[PDB]
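Chemist: What follows is the residue order along each chain.
Number of protein chains: 2
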Amino acid sequence: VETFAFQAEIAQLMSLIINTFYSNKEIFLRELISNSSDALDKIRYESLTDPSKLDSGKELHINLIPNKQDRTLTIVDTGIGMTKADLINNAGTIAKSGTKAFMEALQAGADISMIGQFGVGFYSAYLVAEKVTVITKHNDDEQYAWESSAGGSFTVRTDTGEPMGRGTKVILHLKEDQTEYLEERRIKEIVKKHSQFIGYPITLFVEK
Amino acid sequence: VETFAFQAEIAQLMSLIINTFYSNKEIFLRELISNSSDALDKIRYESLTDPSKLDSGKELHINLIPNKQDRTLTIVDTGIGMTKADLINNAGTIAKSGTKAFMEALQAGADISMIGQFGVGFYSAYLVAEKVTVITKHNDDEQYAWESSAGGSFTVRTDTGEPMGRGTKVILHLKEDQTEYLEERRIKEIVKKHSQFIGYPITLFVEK
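In order, the protein sequence lines correspond to chains A and B. Be aware that the first sequence starts at 1471, since it is given in this note's numbering, and climbs by one per residue. Be aware that the second sequence starts at 1471, since it is given in this note's numbering, and climbs by one per residue.
One chain only, chain A, in its complex shape:
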């Protein structure tokens, strides 16, 4: 297990997401679905010039998986995935420059919901999650797990035994008071409100 310090500006951003009073937390799902759609666009685009990039899976989709027993919401896509080097770049983000630009925007009247315009929308996961685990597989690397409970660090390790083929899984270990995001009715409502017209199918899995 390798432990890395977050880029300072990201540590500050995460702090702001966790500590600022902001009731509209449901936008985390829009942001993670947007990231999945971007990852899916990338593999689709790459496949136009090299069809063998889909040998690791032809279906391009997003699955939403609530688990009330584990208190987790997982967002899975079959997009391009991330290499170990991507994960070491603050979970595949333009962390430093994006946060700096985002903070200047917040001072000029922007609000937290604009986070995705700055390339750091993944970190909106911390509106609802105490810990986030990212499992990912890119065609050019092995499967890895990235994890952070904030506090200024993240870990990276190889992930074996449950291979995915290609893509990214974002596992949200929800805060105790954010269990509404495990309810089917609530997830459907948020998808229709913010992610109604996406370039890929979204399947909401059922439990028990």
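Note that these hints are calculated values from the structure, not bench results. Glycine residues also receive a C-beta, built at the ideal position from the N, C-alpha and C atoms. It cannot be assumed that every hint is accurate.
Said to hold, decoys possible - Distance condition first, Cα-Cα at most 25 Å in a straight line; then the derived PhoX-like pairs of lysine-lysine: (1) A:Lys1528 x B:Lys1523; (2) B:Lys1512 x B:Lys1538; (3) A:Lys1554 x B:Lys1523; (4) B:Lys1528 x A:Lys1566; (5) A:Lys1570 x B:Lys1566; (6) A:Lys1570 x A:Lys1601; (7) A:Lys1512 x B:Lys1566; (8) B:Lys1566 x B:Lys1512; (9) B:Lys1570 x A:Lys1523; (10) B:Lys1538 x B:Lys1601; (11) A:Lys1570 x B:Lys1645; (12) B:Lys1495 x B:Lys1662; (13) A:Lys1523 x A:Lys1566; (14) B:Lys1538 x B:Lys1662.
To be verified - Cβ-Cβ distance ranges computed for the label pairs, FRET-style: (15) B:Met1584 x A:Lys1658: 16 to 22 Å; (16) B:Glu1646 x A:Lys1601: 55 to 61 Å; (17) B:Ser1619 x A:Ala1555: 40 to 46 Å; (18) A:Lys1512 x B:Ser1583: 21 to 27 Å; (19) A:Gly1621 x B:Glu1574: 31 to 37 Å; (20) B:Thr1490 x A:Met1573: 37 to 43 Å; (21) B:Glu1646 x A:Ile1488: 40 to 46 Å; (22) A:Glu1659 x B:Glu1574: 19 to 25 Å.
Using the hints provided, position chain B relative to the given structure of chain A.
Modeler: Positioned in the frame of chain A, the structure of chain B alone reads:
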């Protein structure tokens, strides 16, 4: 000069953009600025692991250049640029799959302003332009010009004599009744309305 047929679904999309009654044409600028911001994020991200990718220019920005004598509006960025192969892929888009998904969305109640969610927002240029010329330079290829006045085809040729260093210029040859988009007051209004909080600076050039 090489001439290419558009992917059929793109030819249909362009037809729909040119012929459908839709008064909110100003969203073309939001879409082109969004594309520039995405291109700028890509070069910024690539530079995190290879700083020499900025040897072709360190400044990451967007310029908006109106020219009333030529009746053109140009959107310039210093993003990652496009290779010749990208241009041949319908001006660097997921043309086929994106248009198909976008058309299904329009039947389900989506409208033209959602075009950017489907990876084909560049084609919103045809809301206001009779012809579009794209000049582009990627670090791994030479400078090229892509052009189309719709009608089912586009051209690609090398572009010499006015080298850019790195990035993309989108030159909109405006329709005669769309000259409001050359007015400083109008461009400022549209940028503030739709692109107020972007991850990169936008400079609106002055004329005469």
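Chemist: Return holds or violated for the Cβ distance of A:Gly1621 and B:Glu1574 against the range 31 to 37 Å.
Modeler: Hint violated: Cβ distance 44 Å, outside 31 to 37 Å.
Chemist: Has the given pair, B:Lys1528 with A:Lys1566, been kept, meaning a C-alpha gap of at most 25 Å?
Modeler: Within the cut-off at roughly 16 Å; holds.
Chemist: Holds or violated: A:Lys1512 with B:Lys1566, Cα cutoff 25 Å?
Modeler: Status holds; Cα separation ~14 Å.
Chemist: Given the hint that B:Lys1538 pairs with B:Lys1601, does the C-alpha gap stay at or below 25 Å?
Modeler: The given pair, whose Cα atoms are some 16 Å apart, holds under the 25 Å limit.
Chemist: Can you confirm whether the C-alpha distance between B:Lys1495 and B:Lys1662 stays at or below 25 Å?
Modeler: Holds, at roughly 16 Å.
Chemist: A:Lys1570 and B:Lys1645: Cα distance at most 25 Å?
Modeler: Cα-Cα ~39 Å, so violated.
Chemist: So does B:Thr1490 sit 37 to 43 Å from A:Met1573, Cβ to Cβ?
Modeler: Once the Cβ atoms are compared, 40 Å apart, the range 37 to 43 Å for A:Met1573 and B:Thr1490 holds.
Chemist: If I claimed the Cβ atoms of B:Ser1619 and A:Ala1555 lie 40 to 46 Å apart, would that claim hold in this structure?
Modeler: The hint (40 to 46 Å, Cβ to Cβ) holds, given that B:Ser1619 and A:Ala1555 are roughly 43 Å apart.
Chemist: Run the distance test for A:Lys1528 versus B:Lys1523: straight-line Cα separation, threshold 25 Å.
Modeler: violated, 32 Å
Chemist: With a cut-off of 25 Å on the C-alpha distance, tell me whether A:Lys1570 and A:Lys1601 pass.
Modeler: Holds - the C-alpha atoms of A:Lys1601 and A:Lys1570 are around 24 Å apart, at most 25 Å.
Chemist: Straight-line Cα separation of B:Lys1570 and A:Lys1523 no greater than 25 Å?
Modeler: holds, 21 Å
Chemist: That 40 to 46 Å hint for B:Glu1646 and A:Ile1488 (C-beta), does it hold up?
Modeler: violated, 54 Å
This entry does not satisfy hints 1, 2, 5, 11, 13, 19 and 21, going by the numbered hints stated previously.
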